[PDB]
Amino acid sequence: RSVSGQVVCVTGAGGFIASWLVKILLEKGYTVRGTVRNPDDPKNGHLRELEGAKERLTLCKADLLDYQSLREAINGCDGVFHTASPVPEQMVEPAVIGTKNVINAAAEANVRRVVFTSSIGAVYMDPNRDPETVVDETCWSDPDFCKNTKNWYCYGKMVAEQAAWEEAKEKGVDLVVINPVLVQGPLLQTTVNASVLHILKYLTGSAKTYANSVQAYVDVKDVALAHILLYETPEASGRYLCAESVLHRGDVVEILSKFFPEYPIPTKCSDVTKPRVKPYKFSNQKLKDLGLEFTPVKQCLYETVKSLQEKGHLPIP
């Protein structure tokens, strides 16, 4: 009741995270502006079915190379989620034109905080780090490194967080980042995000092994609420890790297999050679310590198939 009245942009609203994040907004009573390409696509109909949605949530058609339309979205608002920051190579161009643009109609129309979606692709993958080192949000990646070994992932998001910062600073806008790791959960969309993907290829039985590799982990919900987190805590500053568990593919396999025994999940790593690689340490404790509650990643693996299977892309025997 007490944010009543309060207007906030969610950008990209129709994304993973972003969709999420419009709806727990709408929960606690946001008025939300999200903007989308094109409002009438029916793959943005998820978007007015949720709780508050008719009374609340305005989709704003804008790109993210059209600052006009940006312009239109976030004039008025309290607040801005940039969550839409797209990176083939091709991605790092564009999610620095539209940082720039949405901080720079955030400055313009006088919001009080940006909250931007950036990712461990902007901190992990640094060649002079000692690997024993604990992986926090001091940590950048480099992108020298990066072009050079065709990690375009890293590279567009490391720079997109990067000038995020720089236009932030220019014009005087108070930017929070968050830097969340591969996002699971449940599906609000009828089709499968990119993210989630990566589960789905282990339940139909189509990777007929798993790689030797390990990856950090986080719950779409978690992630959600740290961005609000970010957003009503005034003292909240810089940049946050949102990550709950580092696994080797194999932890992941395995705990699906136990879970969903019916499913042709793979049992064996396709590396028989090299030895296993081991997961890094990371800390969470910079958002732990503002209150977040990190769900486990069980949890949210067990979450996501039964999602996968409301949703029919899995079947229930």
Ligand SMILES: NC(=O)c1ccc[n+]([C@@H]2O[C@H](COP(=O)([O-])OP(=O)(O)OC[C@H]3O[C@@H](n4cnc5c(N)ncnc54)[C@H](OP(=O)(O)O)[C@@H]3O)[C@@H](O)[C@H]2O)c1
Given for the second form:
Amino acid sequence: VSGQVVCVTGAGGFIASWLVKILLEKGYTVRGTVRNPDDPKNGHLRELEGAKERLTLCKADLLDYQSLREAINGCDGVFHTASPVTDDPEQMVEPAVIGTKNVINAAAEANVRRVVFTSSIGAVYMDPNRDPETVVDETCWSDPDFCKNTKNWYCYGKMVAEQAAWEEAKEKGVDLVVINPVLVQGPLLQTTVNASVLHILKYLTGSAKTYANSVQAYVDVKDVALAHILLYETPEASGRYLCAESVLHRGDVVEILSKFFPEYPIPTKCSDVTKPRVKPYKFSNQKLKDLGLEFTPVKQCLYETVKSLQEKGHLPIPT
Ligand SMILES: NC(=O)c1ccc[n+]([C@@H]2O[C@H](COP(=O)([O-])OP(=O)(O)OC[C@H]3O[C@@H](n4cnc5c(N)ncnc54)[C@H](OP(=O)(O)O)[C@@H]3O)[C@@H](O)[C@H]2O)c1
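In place of the form deposited without this ligand, the structure of the form solved in complex with this ligand is requested.
What follows is the entire complex, opening with the chain shown before.
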């Protein structure tokens, strides 16, 4: 793997920082794109093992095609992870969809071996019709109008970006593999708190006063990073890959948190118990397991998320 060069888009982000860290540990040369290499929020990347010799931070934006050409030039592979993470369609849609087309086109011109695209469970799950008992897997796609009508614009953007990626890759003859993570937790390498981790932080700060009657899937950030690498490196990898460890009710989540962190104002009350407690849905992560990926149990992952938030100043012990 020595002498191999890969681009990671949006390299200073939550998932991408772990991806860059592990790529460098494995011996890769990495060209990580960030909007401003001199911004202190990217400083953690420079301090990674191997970064001094093998990490270049390339100034780029998803909507600046030439900047992407410069970053991707000479790469063997591209991990396209950069995206807005927002339900504001004015912020979400163009960098997701046009940005993704731009990345695939730059990768095609650079003659890269493979692109791995970070999609989401949001591109898989959000289908009104799908029977509740059906196993959620890679054959499932979300309903766009439904995402649109429910103002799930983040899910819409990820889905349409994924569709654009397949379409453009097909047209340009690019080997594309897609990973679809569920909600990602784990320790943060970066200084700020990204969207997925806010979902845990709100319980520890007590800004969340109750927990909803709902379930969703969780996965550890280190597993997600390893999975991106596994999809790049395995010649036979093909299509989409659901990346998820287990599904938990929010009630289960706050129980785990409150047992680990009894000093914090984690909510104990369900928002609304008018309906029976929602049961975890069935899913398959067999595709990734079949490639050898082992998933870290969610409890460990949640614990490490809070310890990280504490280290980084976000959770002083209450008085
Ligand atoms: N965390 C999860 O639960 C989860 C689950 C499924 C999928 N994903 C996907 O995982 C990927 C990474 O997200 P994340 O959770 O790690 O969030 P994150 O920390 O917010 O990372 C997103 C990165 O994308 C960037 N970016 C946004 N717009 C850009 C643009 N126009 N040009 C260049 N870079 C841009 C960011 O840069 P700036 O900091 O400069 O804005 C940021 O580094 C995304 O594709 C996301 O949709 C995440």
